[PDB]
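There is one chain below, alone, in structure tokens, taken in the form deposited in one PDB entry.
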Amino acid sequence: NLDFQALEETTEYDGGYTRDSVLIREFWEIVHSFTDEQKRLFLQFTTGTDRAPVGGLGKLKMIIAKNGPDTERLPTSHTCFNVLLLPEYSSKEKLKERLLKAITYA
């Protein structure tokens, strides 16, 4: 449940994001550098549990959806659909900070 490269290979995008989005590439730079606990906390926040399904994280078919422009509001989640609701933050540093704060609340 730590192979986040397998997570990226199957992730799709919504709300205006594509795999070539600046925000999206910043995001994958961040989570690939996450620790093992931060990866599990991300899976719990986005999917509802830290356990990988059988077949690897690719079967989650995660979606990263842009839900707005730059803001101070934290990212939210839609666990039913494994969707991260991710505002288009103005920096990689802000994105990491807002994303970490959102997923460490548990």
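Think of the rigid core as the biggest set of C-alphas that the two forms share within 1.5 Å after superposition. Residues that one form lacks are left out of the comparison. Numbering follows the first chain given and starts at 1. First, how it differs from the form deposited in another entry.
- Treated as two rigid bodies, the chain shows a rotation of the smaller part against the larger of 179° between these two forms, based on C-alpha superposition.
- After superposition on the rigid core, residues whose Cα atoms move by 2 Å or more in a run of at least three fall only at 81 to 106 between these two forms.
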Contents of the next structure:
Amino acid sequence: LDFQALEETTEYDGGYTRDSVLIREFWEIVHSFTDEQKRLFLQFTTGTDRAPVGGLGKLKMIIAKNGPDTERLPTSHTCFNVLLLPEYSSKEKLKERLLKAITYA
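Provide the structure of the form deposited in another entry, given the form deposited in one PDB entry shown above.
Lone chain follows.
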């Protein structure tokens, strides 16, 4: 399990970046995890303890800041979906572009 490949593909939200103190602390902790902890981490964040094909660099993972210091635990969503939709200039254009995308792939 290549957690360097996961670190290199991870995206951030809520104010975090790869340079955030919290994120640098996070990757130090994960790189120091036992193999058992690495498997539990994948189960919690992805819903499985196995890498996908192509290894962990093929995962889509976002780490998002959802509050300041707290006693509350981290949470996850294991099956998020995203539609990337440009701001087309008209309703007519949006319909043609969306129909083309869903119908021809």
